[PDB]
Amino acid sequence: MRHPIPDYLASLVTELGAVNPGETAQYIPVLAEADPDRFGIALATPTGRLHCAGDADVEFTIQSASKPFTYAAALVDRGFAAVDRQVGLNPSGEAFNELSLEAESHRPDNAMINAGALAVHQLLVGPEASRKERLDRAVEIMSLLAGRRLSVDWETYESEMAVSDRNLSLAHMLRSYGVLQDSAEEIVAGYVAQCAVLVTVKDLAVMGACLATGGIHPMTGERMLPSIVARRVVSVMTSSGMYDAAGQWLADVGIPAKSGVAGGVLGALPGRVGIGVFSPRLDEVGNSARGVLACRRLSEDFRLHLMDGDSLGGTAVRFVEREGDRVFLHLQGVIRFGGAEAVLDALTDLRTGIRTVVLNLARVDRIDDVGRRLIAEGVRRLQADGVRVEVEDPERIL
């Protein structure tokens, strides 16, 4: 049979694509004259599947959707303390208010607004890095997560640099407050090239899935980012991604996201899927009209909402077998707190206060520090009850 999801997506493309409201970004010709009759969607699963429909392979500048990735890179290269001194965590609109820098913090509100993205770019490789190093670091982080060397679209870069007064204003104000060290023109040039990196709806979905898994690339299984960093990026995408309309967006859609003025929308739902949507025309507030619409649909039709709990739980225990004098305990899935707690419940549910317990981890896909420590503790306690515990773990995961 054929997989039904890509067909569901194809339907959305036809339904939502029946109309094309809004306008393309007018501030530059390349974006203004862009062909508006394009619309693609792509969903990437944590296990490596990729479902799409429409123009999911058409390249377009990523723009503001580049902010979470450069932020992740900055956190990795400088540490939380160094980045947090220059970039806050308070959600806010794009409209700039100097009073935000006058606060004892002396830092732009968050990493999703232009002022915050400039401060982030300045932090990219280190205090002594060159303009070139920081820019390639932006491209590298975005390429590593997409799974392919990405390129900058210089035509857009140049068109944008010709009308970059607002960003130069933000960078100059930041320098006066000490948030930037290098020149305003330098940091703005890096941020604008960064926004000119070309990507497809599919790149965004893959990229979003890396974030959704805690930093594990779905296609290779390799760890691209420490999980505490992905956790932070997705948190800020949630509280600030859709600006001051983040409250209504969190309630109505529940999918951490960020949109770009070229029509792209990035989505990352932790543990479930990465989303990528493309559609040039923007609504009254600058987000892709249909891109935003498509997200609300995926959320409603499939219940892909942050507040919709989906967890392993007690299924972490494949089955308990009381053969005779010994108990066989088979585990499975991605064991984190939820599963571990359930496995601990199973052990406690045995009267050992049975002469041998065997822990089978063959069906387990992985386990985090929380799960290892918790299960390791349950073993110590079992043994202390004078019970023999043998952990049959093929691929040493414990």
Second form
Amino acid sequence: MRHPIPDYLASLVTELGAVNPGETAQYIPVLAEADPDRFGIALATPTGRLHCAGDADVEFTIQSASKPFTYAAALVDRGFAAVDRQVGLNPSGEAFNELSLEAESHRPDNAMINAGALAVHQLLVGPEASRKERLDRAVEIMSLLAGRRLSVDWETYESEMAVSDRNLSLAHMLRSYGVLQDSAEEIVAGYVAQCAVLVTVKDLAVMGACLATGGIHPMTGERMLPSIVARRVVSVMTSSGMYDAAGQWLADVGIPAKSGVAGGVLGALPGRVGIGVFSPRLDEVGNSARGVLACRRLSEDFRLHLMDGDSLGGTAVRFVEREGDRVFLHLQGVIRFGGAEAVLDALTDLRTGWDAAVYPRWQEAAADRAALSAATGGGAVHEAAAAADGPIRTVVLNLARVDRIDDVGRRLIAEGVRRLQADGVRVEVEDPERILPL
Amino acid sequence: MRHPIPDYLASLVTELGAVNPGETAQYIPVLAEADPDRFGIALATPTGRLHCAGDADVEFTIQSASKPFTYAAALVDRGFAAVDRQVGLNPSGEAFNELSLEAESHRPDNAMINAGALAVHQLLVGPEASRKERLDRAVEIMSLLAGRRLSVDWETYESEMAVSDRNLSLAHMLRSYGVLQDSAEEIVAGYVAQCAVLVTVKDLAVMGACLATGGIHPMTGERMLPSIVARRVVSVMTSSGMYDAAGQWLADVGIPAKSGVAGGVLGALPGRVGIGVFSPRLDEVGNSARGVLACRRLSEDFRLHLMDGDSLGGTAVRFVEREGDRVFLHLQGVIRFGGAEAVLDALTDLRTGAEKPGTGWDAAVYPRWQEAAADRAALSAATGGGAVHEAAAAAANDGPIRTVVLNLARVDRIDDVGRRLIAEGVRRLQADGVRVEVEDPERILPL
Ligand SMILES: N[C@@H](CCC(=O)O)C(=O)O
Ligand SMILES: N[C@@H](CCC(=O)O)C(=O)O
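Counterpart to the form solved without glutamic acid, namely the form deposited with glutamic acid bound:
First the chain shown before, then all remaining chains and molecules of the complex.
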């Protein structure tokens, strides 16, 4: 049986590919001459898959879609305090207003706009890194997330460097307020070379997937970025990535994304998918036309959105079974706050230790324990209450099926186990991969 | 034993409660004279719990925290087109600029600002509804999600209606541009009563949990709002709810919220928790001081954020076992795209096809990706793919798969998207000549 996701994408490409509105970026010939007859799309999933269709293996300069990764690098290289001192978090469009530096927060608005991107590149390796070191770094981060060594399309680089007055202008202005210490030419060149890095739809998908999973590379399970850095990045993309697109992106699409003038659109939906789309021609706001439209279709056809509540919740509890005086409680999945909250509910539900008259409806609902759990997604948390003959003397906490867990989850469960013992219950933790400590 | 969360809240109340900066809303004497020494907090979970501490049961007027709910009611009653024609989605602070109305559509920026909230109330029931009908509707939507009949604190209403020149100004300007049809006084009076609805920290939490779950009441499991509407409301809260707070709320805290000048703060984190916080005094920007500081702490202490990836994913697959010619594939949790993708992955992973799968990537090009895909189990746990890998393990030397048992008993619910995908994956399995018997006791697969 062939996977149905790739067939949907191919069909989508064929459908939306029936037309090709707009025009390629004109600012440079190398991009304007670009063959417009191309259309590709790819999906990178946490499940290590890469569903694709169309011209998904064709390279193209990543342009500003590179902004979120160099941003991540900078945060990793210098820490939040150093980056936030030069780069703001204020949502904004590309148009430059000096008041953002002279007054307001006194720094470029955010890393998605050119002014911010310039400041970010300036920050890359360290306070005294060289021009080459910083570029190598920009090329490196995008390469590490992509999973392969990427290259700069110098033809494009030169082409753009000959017509970069605007970026030089922003760079010079930033220097004026201390945001840039090196020369305008040095930073603009780094930023331009950075935009010239070649990637394919698939590359972008994988790259976005790293952010989508919170810094974990979907193809190797290796943590590429601290979850805190990955969140900051996707947050900023959400606030300004599609700032000037039609309607209101977050409310309409809900898929954090960024478009490049070469036609590539990057998407990253936390906990679900990384998106890459390639379509040369741009709409009037400067985003890939079909690229944008493909994203809107993904959001609707698959009903994906940043605001949907697709969480582990009560499913963190695989099951709760009772054998005489001891109860077996098995956990599973990726346990964070929400997962841990459910576990504690299960523990407390084992009677080892609102007003029902005010809310009669709430009581008739909690009466059919399994039904309410089904309608809400409590997984197997309800089974605990079912377990609670004689008194429970032992509780085995099995974490074999738990993929991973954060300190918050570790802290909560640990505290949970402690209070169980404080009830006189013996608790033995079966943790083969020992992920509970620390 | 005692649930640790409520005790965490209590500590937090005691801690943050050591000080009490800012001051009560000075615009009306009723709110300005309210006892400042009050601080409560509550969390309403999808599971159906209500953890709280402090003055979590003291009523207070919900004020602007009523905006996300009246907005939901309008969408339900009028439909997206009708509302979107009068209420924009553009993020903005409360400061009003007539320019926002000179646009081609002619509408205030969003439902979170007064101008928008006024436009919202005007839409509440229908084109011809009466004043009393709309007010009743506002009080209703809020009551339905709180789980009890709420009431308007008329003492507060009167006090504020005597000093509503600013909102009267917005209402008049909106009329000038055709956003409001009835008198400015009628609409402003409705919106002010709306703000006088009495709620407690617990009420806000439950109400917020309703949005957080996509429109499902955590205490009953009943759907109160279409998920498409719940999402629109939380999106809008995210964009403008805390527009003028210090830093950038979405990035720093990541908990879509809204504060009311009476001291109450609403929270709604998709799929995880509904938040209600109450602390009378406001900061310089006009939000509850401790209320806001409490949300920051909840965000940091519990590592809660709109951007974290707490998804079912591969866990949608409970397990995949095999007995000779048949495979038992059990699913679970709340399945939507995420889970369904993982399921299709498991079905496909069973090599029931005559052809060999297309990896999409070149093994010789990504040696690191191969080595990882080798220890299938390790890659799965490091990822969060649950049991999807057991499928490839089942495929892994003697005998073709003839039967696949797809059990959904452990599945809480599935959305049409996943319901469509799984149905298609099952059809393709049968197209391979594999017998598929779906054990679906609660019939959740059809439609
Ligand atoms: N290299 C372009 C950016 C292209 C884009 O917006 O993606 C510039 O800095 O003007
Ligand atoms: N009812 C108040 C709004 C309170 C709030 O901002 O939360 C007003 O219109 O002035």
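Here the rigid core means the biggest group of C-alpha atoms that line up within 1.5 Å when the two forms are laid on top of each other. Positions refer to the first chain, counted from 1.
- Only one entry in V76, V192, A184, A246 has its C-alpha moved by 2 angstroms or more between the two forms when the rigid core is superposed, and that entry is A246.
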